[PDB]
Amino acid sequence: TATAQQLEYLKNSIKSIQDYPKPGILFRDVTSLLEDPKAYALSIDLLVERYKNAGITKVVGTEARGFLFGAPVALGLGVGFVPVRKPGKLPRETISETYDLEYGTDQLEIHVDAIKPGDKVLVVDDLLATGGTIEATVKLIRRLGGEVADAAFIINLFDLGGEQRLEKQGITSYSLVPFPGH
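Form solved in complex with adenosine monophosphate (AMP): structure of the chain on its own:
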C-alpha cells in the first residue's frame, strides 16, 4: 500500500549507530523517528490502517519502547491498551512469562483481568529481533483465553529469523522498515 517516498522517509528517519552498545553492533535507533512528527504520525497511521478491519478488541504493547507504538495504535483502532511490563511494576494480580536475553533471561507480566475469552489482540512493539519478548507476550495472552494471530512492528531485523519463529506460534508479523544485519 505505502509509497516508495513514504517507506524511504520512514527508513531515513531511523538513525543507525555503529559500535553501540559494543564494538561490531549497528544499533537501529527509533528515537529519531519519534522526534520527527511526520515520521511518527505516518508510522502510527500505517499500522492502524493495516488492522482497521481485523476485529481487534485490545492492543498489547511491550515495555517500554513498544508503549510508544502500541498505545497510539490502540487509540487509532478505538480499543483498550494493555501493557506487558518488567516484573514488579504492575500493581494488581499478574501472570509471568520468561524469555531469553543476549545474557541470561527475564520476565514479562500482564494483569490477569486485562484479557478475557472473546478478546482478539494485536501485539505491537518497536522492533522484531529474536522475537523472544513477543513469544512470551503471546503466551501471556493465550493463558488468559485471548486470541492473538497478529504482531506489528516499526522495524524488522530480518536476518534474525524472528518472523518465521512467530509464524510457528500462529502469529503473522507486519513491519514498516526492514533492516539487514545481526
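Between two forms, the rigid core is defined as the largest C-alpha subset superposing within 1.5 Å. Numbering follows the first chain given and starts at 1. Compared with the form deposited without adenosine monophosphate (AMP):
- With the core held fixed between these two forms, residue 22 has its Cα displaced by at least 2 Å.
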Second form
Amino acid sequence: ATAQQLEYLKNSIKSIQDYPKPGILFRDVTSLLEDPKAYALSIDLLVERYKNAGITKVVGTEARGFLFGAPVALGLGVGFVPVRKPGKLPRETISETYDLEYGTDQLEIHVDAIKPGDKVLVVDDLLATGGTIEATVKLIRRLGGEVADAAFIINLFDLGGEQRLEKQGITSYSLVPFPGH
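What would the structure be for the form deposited without adenosine monophosphate (AMP), given that what you showed me was the form solved in complex with adenosine monophosphate (AMP)?
The text that comes after this line covers the one chain and nothing more.
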C-alpha cells in the first residue's frame, strides 16, 4: 500500500469524540463502508497482501468482521468460515471462552469447516485487545488448521493486541493505525 492509499483510508473513517464515554474516540468504519472507493481499496489491499500466501480459508468473527473477511475470501477465491456466538451455527461446533471486562463470552466454529492442512487467514475490522482473535486461533488449531496471519482494517496500537497475537505466533497486518483506548 502506498502512502497515498493509506492516507485515503485513514481519512475515510469517522472518529466520534467522547464515545462511548469522555476521553474515548470511537473509530466508525461505517463511513468507510458507505464510500465505494474506500471500501473497495481496503479489500483490494488485503487481497493483494495474501494472494501468494497459500490461504485456503478465510475466517471472520461476527459481525463487523464479516464485512471484511467475506470480500477478502471472495477476492482470494477461497471459502469463508464464520465464527459466531453460541446459538447461531446449525451444524456441529466446538467452542472457546474469552474474557471481557465484567465476565466472559464464547465463540464457536463449525467442526467441518476447517480441515487438517488448511492454511487460514483471520480477518476482522479492528484490532483492540485481541481477545476474540486469540480464541479464534485456538478454534482453528483444534481442528488441525494452520494459522499464522490476521488482517485488520484498524489497529488500535495502544491496546496491545498485536503483541498478544504474536504470543500465539500470529503476524498482524493492519491498514489504519489509531491511538487511544
